[PDB]
Amino acid sequence: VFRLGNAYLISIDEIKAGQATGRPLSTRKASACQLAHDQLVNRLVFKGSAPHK
Amino acid sequence: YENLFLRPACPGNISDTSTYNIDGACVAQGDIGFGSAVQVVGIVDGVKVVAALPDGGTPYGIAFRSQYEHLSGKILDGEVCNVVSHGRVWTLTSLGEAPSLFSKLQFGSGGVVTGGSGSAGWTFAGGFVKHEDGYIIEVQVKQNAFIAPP
Amino acid sequence: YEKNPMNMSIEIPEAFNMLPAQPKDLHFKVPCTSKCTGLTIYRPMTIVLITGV
Amino acid sequence: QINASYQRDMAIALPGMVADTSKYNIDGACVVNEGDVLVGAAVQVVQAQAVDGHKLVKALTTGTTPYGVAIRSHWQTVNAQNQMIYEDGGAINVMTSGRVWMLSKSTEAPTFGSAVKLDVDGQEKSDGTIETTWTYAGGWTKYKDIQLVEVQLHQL
Amino acid sequence: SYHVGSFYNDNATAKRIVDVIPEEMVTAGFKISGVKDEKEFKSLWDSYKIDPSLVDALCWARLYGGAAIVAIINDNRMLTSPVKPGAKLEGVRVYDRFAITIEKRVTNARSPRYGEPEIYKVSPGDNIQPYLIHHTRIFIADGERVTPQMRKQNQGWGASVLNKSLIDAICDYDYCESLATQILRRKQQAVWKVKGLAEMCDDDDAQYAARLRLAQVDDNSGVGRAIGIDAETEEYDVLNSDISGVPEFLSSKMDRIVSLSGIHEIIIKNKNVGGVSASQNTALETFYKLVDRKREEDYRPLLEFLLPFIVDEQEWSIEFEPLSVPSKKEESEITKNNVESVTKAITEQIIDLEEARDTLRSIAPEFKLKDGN
Amino acid sequence: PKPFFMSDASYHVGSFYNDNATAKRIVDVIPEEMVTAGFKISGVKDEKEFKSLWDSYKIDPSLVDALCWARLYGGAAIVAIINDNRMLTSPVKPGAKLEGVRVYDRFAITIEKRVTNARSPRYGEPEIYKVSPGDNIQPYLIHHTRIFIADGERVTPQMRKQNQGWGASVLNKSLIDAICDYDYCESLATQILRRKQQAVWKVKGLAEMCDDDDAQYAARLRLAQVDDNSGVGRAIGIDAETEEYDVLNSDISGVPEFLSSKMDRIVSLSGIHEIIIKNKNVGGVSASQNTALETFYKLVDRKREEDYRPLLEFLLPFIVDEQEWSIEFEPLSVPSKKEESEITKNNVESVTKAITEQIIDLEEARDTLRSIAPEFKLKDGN
Numbered sequence: 108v109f110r111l112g113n114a115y116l117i118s119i120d121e122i123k124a125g126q127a128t129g130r131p132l133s134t135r136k137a138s139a140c141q142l143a144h145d146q147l148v149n150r151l152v153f154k155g156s157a158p159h160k
Numbered sequence: 003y004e005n006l007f008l009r010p011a012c013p014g015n016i017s018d019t020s021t022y023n024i025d026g027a028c029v030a031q032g033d034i035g036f037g038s039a040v041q042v043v044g045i046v047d048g049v050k051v052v053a054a055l056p057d058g059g060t061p062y063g064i065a066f067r068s069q070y071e072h073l074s075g076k077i078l079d080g081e082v083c084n085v086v087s088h089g090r091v092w093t094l095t096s097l098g099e100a101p102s103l104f105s106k107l108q109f110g111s112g113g114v115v116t117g118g119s120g121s122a123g124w125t126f127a128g129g130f131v132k133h134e135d136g137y138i139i140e141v142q143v144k145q146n147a148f149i150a151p152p
Numbered sequence: 267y268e269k270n271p272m273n274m275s276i277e278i279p280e281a282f283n284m285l286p287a288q289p290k291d292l293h294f295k296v297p298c299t300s301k302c303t304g305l306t307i308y309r310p311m312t313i314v315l316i317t318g319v
Numbered sequence: 003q004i005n006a007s008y009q010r011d012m013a014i015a016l017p018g019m020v021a022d023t024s025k026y027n028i029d030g031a032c033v034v035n036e037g038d039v040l041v042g043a044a045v046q047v048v049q050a051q052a053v054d055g056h057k058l059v060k061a062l063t064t065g066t067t068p069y070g071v072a073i074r075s076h077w078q079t080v081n082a083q084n085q086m087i088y089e090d091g092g093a094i095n096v097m098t099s100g101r102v103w104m105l106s107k108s109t110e111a112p113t114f115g116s117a118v119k120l121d122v123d124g125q126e127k128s129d130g131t132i133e134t135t136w137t138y139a140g141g142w143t144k145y146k147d148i149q150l151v152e153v154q155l156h157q158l
Numbered sequence: 047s048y049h050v051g052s053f054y055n056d057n058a059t060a061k062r063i064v065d066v067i068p069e070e071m072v073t074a075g076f077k078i079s080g081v082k083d084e085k086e087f088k089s090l091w092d093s094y095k096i097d098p099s100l101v102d103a104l105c106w107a108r109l110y111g112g113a114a115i116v117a118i119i120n121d122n123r124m125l126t127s128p129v130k131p132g133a134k135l136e137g138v139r140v141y142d143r144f145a146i147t148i149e150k151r152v153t154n155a156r157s158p159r160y161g162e163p164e165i166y167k168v169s170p171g172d173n174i175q176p177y178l179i180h181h182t183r184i185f186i187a188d189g190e191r192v193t194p195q196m197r198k199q200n201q202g203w204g205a206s207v208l209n210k211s212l213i214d215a216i217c218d219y220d221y222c223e224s225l226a227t228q229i230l231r232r233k234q235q236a237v238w239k240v241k242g243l244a245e246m247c248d249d250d251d252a253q254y255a256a257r258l259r260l261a262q263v264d265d266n267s268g269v270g271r272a273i274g275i276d277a278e279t280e281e282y283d284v285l286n287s288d289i290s291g292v293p294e295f296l297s298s299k300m301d302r303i304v305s306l307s308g309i310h311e312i313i314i315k316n317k318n319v320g321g322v323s324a325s326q327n328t329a330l331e332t333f334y335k336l337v338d339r340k341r342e343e344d345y346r347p348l349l350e351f352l353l354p355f356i357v358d359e360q361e362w363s364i365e366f367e368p369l370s371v372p373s374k375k376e377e378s379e380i381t382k383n384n385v386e387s388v389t390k391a392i393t394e395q396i397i398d399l400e401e402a403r404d405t406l407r408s409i410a411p412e413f414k415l416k417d418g419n
Numbered sequence: 038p039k040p041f042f043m044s045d046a047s048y049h050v051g052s053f054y055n056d057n058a059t060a061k062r063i064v065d066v067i068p069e070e071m072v073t074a075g076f077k078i079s080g081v082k083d084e085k086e087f088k089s090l091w092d093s094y095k096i097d098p099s100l101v102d103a104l105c106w107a108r109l110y111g112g113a114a115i116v117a118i119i120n121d122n123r124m125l126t127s128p129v130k131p132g133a134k135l136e137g138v139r140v141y142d143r144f145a146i147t148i149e150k151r152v153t154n155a156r157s158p159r160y161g162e163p164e165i166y167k168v169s170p171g172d173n174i175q176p177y178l179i180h181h182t183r184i185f186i187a188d189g190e191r192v193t194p195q196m197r198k199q200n201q202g203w204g205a206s207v208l209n210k211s212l213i214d215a216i217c218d219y220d221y222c223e224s225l226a227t228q229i230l231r232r233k234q235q236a237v238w239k240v241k242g243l244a245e246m247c248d249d250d251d252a253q254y255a256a257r258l259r260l261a262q263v264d265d266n267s268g269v270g271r272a273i274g275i276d277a278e279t280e281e282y283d284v285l286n287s288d289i290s291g292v293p294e295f296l297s298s299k300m301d302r303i304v305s306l307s308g309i310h311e312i313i314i315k316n317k318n319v320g321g322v323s324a325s326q327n328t329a330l331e332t333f334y335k336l337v338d339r340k341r342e343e344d345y346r347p348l349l350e351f352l353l354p355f356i357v358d359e360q361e362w363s364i365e366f367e368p369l370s371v372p373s374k375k376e377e378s379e380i381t382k383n384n385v386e387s388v389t390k391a392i393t394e395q396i397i398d399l400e401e402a403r404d405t406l407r408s409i410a411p412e413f414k415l416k417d418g419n
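Chains as they are written, first to last, in full-length UniProt numbering: chain A, 108 to 160; chain B, 3 to 152; chain C, 267 to 319; chain D, 3 to 158; chain E, 47 to 419; chain F, 38 to 419.
Because the hints were derived from the structure by calculation, they are not lab data. Fair warning: there could be bad hints in the mix.
What the hints assert, rightly or not - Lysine-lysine pairs mimicking DSS-like chemistry, simulated, CA-CA at most 25 Å apart:
id, chain 1, residue 1, chain 2, residue 2
1, F, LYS335, E, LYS317
2, F, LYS61, F, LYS317
3, F, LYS198, E, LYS95
4, E, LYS85, F, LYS85
5, F, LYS39, B, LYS144
6, D, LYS25, F, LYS39
7, E, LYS317, F, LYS210
8, F, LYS167, E, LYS88
Please build the complete structure, drawing on both the sequences and the hints.
Shown next as structure tokens:
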């Protein structure tokens, strides 16, 4: 069994910054991580990893 | 994504909040003044014994200003001492004019900055102000920069 | 020697305590501190040390 | 018929155990390749994946360049030969900066602030042939028949 | 400028202007009509003790312009499905504006509920998964009224009470105080003319000794002291300036603060007028007018959202107790007047004992009475 | 640039409080009145024994100071030990026992156990508390039922989560520096008073003598001696050619108004008004301090309902054995013989002026009469 992980950065100024409409930058950056995790799981299933056996 | 500046600008204190390291498990032999380079003369039980820089030594860090540990005004013999091993710090100097930015500093006797043409070591960080008919400079200390001669 | 706090003492101004854990990426750091002074002999001549036994 | 009391001291170091909470940096995105490594030994990097990003590491050999030292971990290490090692095809915790206790083969205390030299098998030695840029941090102790030294590392 | 949280938790004036109304409003209390008795109602109310949640919920609703509350009901179903009729709940908790989002949209022609969101997604954080909530369990509290051409840009949510006009009105006050302190510091100056003083080179013991002498001399000047000078070489003069009108300027700034706020001085400055003895009562009743006028528009919907989950009785009404400070002597006299009014002339018509007693404790007395005939 | 061993806000706020008297007043002038106002309980058979237990337990000063540090430090903890045959870590079964109460400040309490079970609505709150007073006593663990945490003022949740769910001090930086500027202005005012008048004496050649000389010492001694003896009824002689004697003066005005404005800012920023913080009546009106005090009682009541009562339902069920009861607060109004005499005569005539023709009988008439607290004693009976 293996473990997976990543991280993201955000600043208080960009938290302050507002947009006319659309999902907030923090929410988009948080959804990107989940999408990356799912894509990596799919890639591990369908392509493998030689160094990790 | 930026680094904040630190306001009081006195000798012996830190000038920025960038990555720094403070080695607080040390003791002093002799007397040391805030803002001077120190050297490691020995190790006892995980404690480093430091003294003021002589001729021929390799500097290890710079004494750091604290308002609880040192009630006298300087560091006294047999006292626990704070030493900065990595970061930007204000140092006493005997120079007259500011050296070139990012040059290599050279330490005279007593742990004062007197040269700006060294081969390797600590570097000038761009700060140069005046203290007491003398000046203060800003040095960037790195951990493995000066290596003890075999 | 004569056991009486008026002659010798060992004092503990602060007992052992654990500071709150500082989190980092995927681990924690838990520091601890305490204070002590050692042995202070206010009234000497009440202690006899026989050496070379 | 008088009472008695006894006093005993713990040991102060272990192989691969982190010396203190000063500046340190840990690489956890590596994978061991072609064998197993010892907790408290230097390792070398073969290649770095361009897209995947995982580094491939193995035990230090002759003519190579050190990159870091594997550290202790009660969860990622496997127990063999009465010691913790990292078996092949698993994530490894390399240390790239900081103070750490390393296995040594020397017989005399070193000089504080001097450069470190290693053996061909990743164990420090006072007169090794591999030259590094790490330094001695002053520590020098001994566990039960095991010799440990405190070494300070900076980023390559 | 825009980080309202700093304004809230640093300046006390913003704290007051955002906090003073809702907490006093809720602590005023309310009464319900159509119920068999009130002792059990008050017992269940102060057993549940949800008023801190109501207070801070209304607080962030006023501040951020939007907030949500969820009440969890004792029911054996998943929290996504709707509710069968009943009167149950075991907990109430509030989330601020940022943790709430609409999830699925209903716009069907038959229901007049079209355009009213049906399902919400809530993301509290605290390493727990965001979840989905049906509308019937939650009530969204918005800020104040705004034009639709910003309502639909703000995703159907209100606005903060701290508009930029009030923000900079608060901001320049501290600027004025700092300038006042500076002007007070700069009342007078002393000048010491010494020909050739410029000829000295700097960072020298000469000027160090000179300024030390200046310290010694000026530390001991005063009414009963005189200082000697040399006429030919150097002289010593003093200049001064006056101060006036600064208190009036500051008072005008505070008056503008109050005017742009909308709650008046006996509440903001906390300073009595002093020159009149009986106008503060009218000032406070005007404050009571404004707070009740604002209460009717927001506090009531909370009540009719929450009560149908506690009351099993069929039909009821809500009354707001007139928020006035009562008082022993005056309340004793009003009880006198009411007790003589209730039975002074009723003895001659069909108004009988059973309804007379109902009337006499319908008005809340200090006179207890056992239930009976 | 901070020490790791423990925070410094402790030292800052503690030193400022124990130093400045205005801090004493601003952080103590509310809670003691709030608690000493008293309260009543209804649904209870009698109140004499209730008062007997209350003043036999006499934990009121502990409560006072507990609320004091809750206001000051932003957090305080109060623990009541119960008479039971179980380990102090274990929960508390229903009962009416208590034998000791004691209070710690913000710094001695930490969280130990947290549960997020979906079944209970209690998930997400400290189950067990670690208490570490120090005083060479090992830190120990207390169940949730035994600890009550007194908090200060509400803060935004993004800061509440940063401050481990604990409030902030009543002394914010604006209040602190507003208080600080007063003393600086006071010192400036004293300096202005000192520098009202200055006398100068110029004599050609005084520059010729060099420092630390007997001639200069004698000259300055003579200057001091003569300056001592000058005045209205005495004259000083000088030489026309070689000496001049000048005097300079300046005016002072507006200083009392400036200080009054500073105090106005202090009272407005504090929230407690003048006749209680400045402690000076306006004097120009006879009956406006009455409305001032009634507004003060209004504010103390509106805040008191939010903090004092939780102590009541935390502690009372441990001493009251009855099933149901109600808590009511005394109206904060100083009574007076006269006015209480008229109110009691009005109440006694209202209770039996017209009840003589209804079913209102003596058993409830006496209850009504002695419910509104009279000075007319009446033992129990028919």
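Could you grab the alpha-carbon distance between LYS85 (chain E) and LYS85 (chain F) and see if it respects the 25 Å cut-off? holds, 24 Å
Given hint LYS39 (chain F) paired with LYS25 (chain D) - CA-CA distance at most 25 Å: holds, 17 Å
For the pair we were handed, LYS167 (chain F) and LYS88 (chain E), check the Cα-Cα distance against 25 Å. violated, 36 Å
Does the alpha-carbon distance linking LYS39 (chain F) and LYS144 (chain B) stay inside the 25 Å limit? holds, 21 Å
Do the alpha carbons of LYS335 (chain F) and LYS317 (chain E) lie within 25 Å of each other, as the hint requires? holds, 15 Å
Check whether the Cα positions of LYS317 (chain E) and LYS210 (chain F) lie no farther apart than 25 Å. At roughly 22 Å apart (the allowed maximum being 25 Å), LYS210 (chain F) and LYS317 (chain E) satisfy the hint.
Are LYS61 (chain F) and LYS317 (chain F) close enough, with their CA atoms no more than 25 Å apart? holds, 18 Å
Can the restraint linking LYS198 (chain F) and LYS95 (chain E) be considered satisfied, given a maximum Cα separation of 25 Å? Given pair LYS198 (chain F), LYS95 (chain E) holds - Cα atoms ~23 Å apart, limit 25 Å.
The structure fails hint 8 only (numbered hints given earlier).
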